[PDB]
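Taking the form solved without the named molecule, here's one chain by itself in structure tokens.
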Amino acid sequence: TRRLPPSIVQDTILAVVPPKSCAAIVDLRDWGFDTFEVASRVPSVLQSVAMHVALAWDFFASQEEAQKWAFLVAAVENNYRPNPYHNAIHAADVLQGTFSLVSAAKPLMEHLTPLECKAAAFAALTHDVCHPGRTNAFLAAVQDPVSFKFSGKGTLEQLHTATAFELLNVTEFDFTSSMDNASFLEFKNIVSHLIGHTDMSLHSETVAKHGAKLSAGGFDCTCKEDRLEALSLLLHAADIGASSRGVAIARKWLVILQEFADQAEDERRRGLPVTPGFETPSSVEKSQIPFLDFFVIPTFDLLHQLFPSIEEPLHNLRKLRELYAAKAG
């Protein structure tokens, strides 16, 4: 028999929870949207954003579908842990960011089907659900049951995907119940693909992959396959791009360093080797430059080339880098 310790990841909470009061949280399409700030003034930025996106993209024809969406998002929020970074605020940020990036690219926006838009919003909303605030490597290091259940790369990503569908399966949350089987399968496949590609281990491969697509002329949005890849890239960019929304906003998202430090200490307490660079850096600013240069900047450079209308992120990142470099020295 396999002797495994209890998982550090919590099981899915299927309970029906009352959605929070949503009010007009101001353009939802703006990249300068400060999710943390909105969260400080409204009961739930995640629920307010999800409602607005659903309306902005005319998701529902019936009130019944609208109500299931509301309860689903409330339940999804109930399944995000109180982590410094991988929490419901990050979820709202990625959802709003995906909405913003997609809305800014005319070719893609004009060719996306209603089903594809619903899948994109649902995926962004649930992309980190149940995240324990520890990495896939950490789960593997402690021999967590989740690492044995979901094999191969993207352990947590597979878990988020499975959790999302488990919740969507609850009758009171199933807003896709009216879709026929072929449509629901398409929905599921898009969602799986999108959440699956948020796995940081695929970054370099995706950048080279899309770089080649760019050289070949970019995406052909009349092609379903290209729209899916485009959505995947934009979701990924939204996931790792809060630092590109402006200097003030970027600073707020440095809370990711708290989770890394927490993990470094968790590793130390467990007697495991400490992950390089996870302990709080002496110079937050200096430590960020490599991240911007290796991950974020190249990503938004690629995005701008593939979608010329998405330019702001790149300029904000360069402004941020100069500030970090100037303060570091």
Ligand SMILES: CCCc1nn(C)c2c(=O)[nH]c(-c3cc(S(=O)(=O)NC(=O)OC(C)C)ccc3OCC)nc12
Second form
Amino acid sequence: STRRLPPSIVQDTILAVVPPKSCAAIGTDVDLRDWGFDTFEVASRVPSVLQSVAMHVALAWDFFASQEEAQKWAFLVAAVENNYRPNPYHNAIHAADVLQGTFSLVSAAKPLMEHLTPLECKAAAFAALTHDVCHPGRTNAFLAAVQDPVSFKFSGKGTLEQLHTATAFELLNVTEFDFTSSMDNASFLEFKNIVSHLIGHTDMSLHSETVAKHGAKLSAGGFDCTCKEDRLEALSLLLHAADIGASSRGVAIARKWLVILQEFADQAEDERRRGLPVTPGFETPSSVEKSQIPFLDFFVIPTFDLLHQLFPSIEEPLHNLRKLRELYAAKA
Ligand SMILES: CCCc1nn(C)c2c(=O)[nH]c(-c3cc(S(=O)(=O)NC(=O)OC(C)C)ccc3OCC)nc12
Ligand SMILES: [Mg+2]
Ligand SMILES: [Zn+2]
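Right, and the form solved in complex with the named molecule of this protein, after the form solved without the named molecule?
Below, the chain from earlier opens the complete complex, with every other chain and molecule after it.
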């Protein structure tokens, strides 16, 4: 607080209470569990796909004992959406997609579902919801490169992830948003640790490390769901898969999520205007489809291949990635 830095490009948390939007029915019960969910399409014709998804998840997983708790969750989600920037990719639509994705993967894994506690389900849902809150549409490396105050505040790996986590807790701390206020001090602590773990592990830098760790877990026999640390690890793997898994939901849906390149193009341009070195691979490439291939082979496919070995019933995402790769490979 003594060193002189430039103003941050990340916006401070907005604690203001904002009227929640109308939660239009966004599909069937089977539809919400379906990996084929098209988040952009829904956002297309409803007031808020994030708030509609959030409420359907809370109701499907029996989150509330009283209408009071339910109202706080509704106000919370509304305020979380009020804290997502209008980015091409890292926006409230991405958050909704990850929330529904997490909800979809978890409920597709019978054993994990048969063992998850109601508190772990709330924590997983809340984490998916807030995992990218206040994201500025610029990477952790860019924040460091421009010496953004948030890089100095949150030291070590995952600058943004740490910020998303703290922000989610500041919001949850607002009385009208605190749907967990009736929780015991011990339960709330378990809640925070779970949430902190889930969001922290969305940090892309941990990829090599996590794939290796989960591969070792697989060799030892996979997840023992009667063990809470194991359920935490499992949730962590599924949340992550959901976060980077839009391209596994189907060819047509994958096409809609190529907006990530728009954020890349923007950062590349931002860097040029600042006179900084341009991030490799961020400027628009000659062929979008073919540049996607090494990224799917390196990050996405391995993730869903491992996920399929740890939860043998979850096969759809991997087959879709393959169909997608084949299409990109054929492209001229
Ligand atoms: C930086 C070049 C790597 C890359 N190539 N391509 C095609 C993609 C791509 O399509 N997406 C990403 C990507 C990169 C990120 S990122 O966290 O902003 N950058 C990042 O951390 O990259 C890692 C390797 C350090 C986040 C999401 C991404 O995909 C959306 C799920 N990275 C790449
Ligand atoms: Mg993120
Ligand atoms: Zn994300």
